[PDB]
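Chain residues, written in single-letter form:
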Amino acid sequence: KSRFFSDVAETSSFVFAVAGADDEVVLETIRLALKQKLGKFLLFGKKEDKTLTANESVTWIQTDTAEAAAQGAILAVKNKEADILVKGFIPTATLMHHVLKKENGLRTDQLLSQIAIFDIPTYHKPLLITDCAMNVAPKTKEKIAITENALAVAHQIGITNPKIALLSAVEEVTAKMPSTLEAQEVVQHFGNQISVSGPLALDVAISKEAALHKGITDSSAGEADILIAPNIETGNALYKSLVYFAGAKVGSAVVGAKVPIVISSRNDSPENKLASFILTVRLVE
Amino acid sequence: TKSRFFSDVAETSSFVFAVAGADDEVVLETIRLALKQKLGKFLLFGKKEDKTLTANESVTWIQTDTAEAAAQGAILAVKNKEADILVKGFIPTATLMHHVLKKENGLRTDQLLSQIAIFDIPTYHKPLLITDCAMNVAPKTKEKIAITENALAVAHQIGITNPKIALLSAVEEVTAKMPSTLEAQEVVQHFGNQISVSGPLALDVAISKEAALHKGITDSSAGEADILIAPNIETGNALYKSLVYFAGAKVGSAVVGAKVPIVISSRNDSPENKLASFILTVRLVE
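Protein chains in written order, with the entry's author numbering: chain A, 3 to 287; chain B, 2 to 287.
Mixed in with the good hints there might be a few duds.
Covered stretches of chain A, as calculated for chain B (at least 3 residues, CB under 8 Å) [said to hold, decoys possible]:
1) 115-127
2) 154-165
3) 205-212
4) 227-239
5) 242-254
Honestly, the hints are just simulated from the structure, not real lab data. Ideal placement from N, C-alpha and C gives every residue a C-beta, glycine not left out.
Full structure from sequences and hints, please.
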């Protein structure tokens, strides 16, 4: 069993810029990160936690509003003072409008997408799933971009020759299920350059024996490294089914910009939120 | 104290399954297991008789030389009230469903047919029904109401008196940026106040009380779903497969909405889950 989040503790001198460093839902992860020297922090927030900031690896910047906290963190990224951007205790939209303004140095021509990496007890290696939380109803062009982002992440974190599976509910291509047509078009686009399969139901992507019993013997069968979800509801449900029912550990980040961005859910566990920080450190290095 | 749908002591009955296309071990293996625990009786419409099956008093073999003849034979058995459950065997699904779906043939009403699965998940505290994971591809409001109606019927029939139903999506608020959320709201508004239906809800809030509270959802139904209504077939199917392959769930599934329950198992489900589907259909006749 190969695991992404292993017993070898991650540590770095990369700087996280935290937009809205307030509330324990935000600070709890920063505290855990500091225990293992995971990185350094620029905390833009309204009410300084003096015990937290008494750390050489922490700098506090007083910001009175959500907008000010977002602007501060974004300019730290623009100025190359920060390596990773973290959304704190502010609305996502407040941070995102700054992220998408090209002058701030984060956005390129590339689509942004969410991606997550899972250590699932009952799977034999790490599994990347995208997009579980950002792109709502991607069609062919967007799914191509989502796959490009996943390929880039795969190389950055050391997964060589990743096997990619475009998920659907069936393998037969039919106009009656347009996600199958889109899947086929993504395969047609990459087909000749990398290992991409689909449309595949989940069983075929992650169980070699399930694939055999469907008459599929492709060497990629049951060995997916990356699943590309057909729509956000599927990605989100798959993500959460792994966390709540399969006991998976998971880190997630928004990718496609010049720096990784962390946007955690309100109810993510401390452990999974730390996993997200660890993923982003591995995406910079 | 966890509750499980699939009982420790094998389910038993004298109900009759009509099997359309009783050929090939992928089909026959489930029948062998059912006979082993005396789950029911069988009318086997097929091409090549297996004497190991037919030597059983609970089995009757009917020779049918084509897939069409097998489908029509099994259907007539149901229509004539000789069979309580219809099972698609070694024939194309479309071959059976073409006949099933013609009001003319007497197996359906105006009600939409849907697939539903019931899961015993080790890390969940009670049975969980999910629909539709395999039949309805892109149901909109009207179809989702029908799918929810079918799910309520199943829940009541199996002893869940006030099932908590969650219209599943990726967020908890209605937004025109995600149509499944608008449809969710419409489905909820359709049902009477005596029905415990809520949505849109993401999976975490549907099945984890702690996750719901952390998101400031203090509803009594949050975290305690008995039924999830999938927003589209890809979400339903992926959830079904995730539970089976990653969470070790036992699952039985059936097509409901017609005058009798229908078994349509995939070519790659395990013998144990295929047997679970027979067991569910016996509970839906009872």
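Verification of the hints:
no. : hint    : in the structure
1   : 115-127 : holds (count 3)
2   : 154-165 : violated (count 0)
3   : 205-212 : holds (count 4)
4   : 227-239 : holds (count 9)
5   : 242-254 : holds (count 9)
Hint violations for this structure: number 2 only, all remaining hints satisfied.
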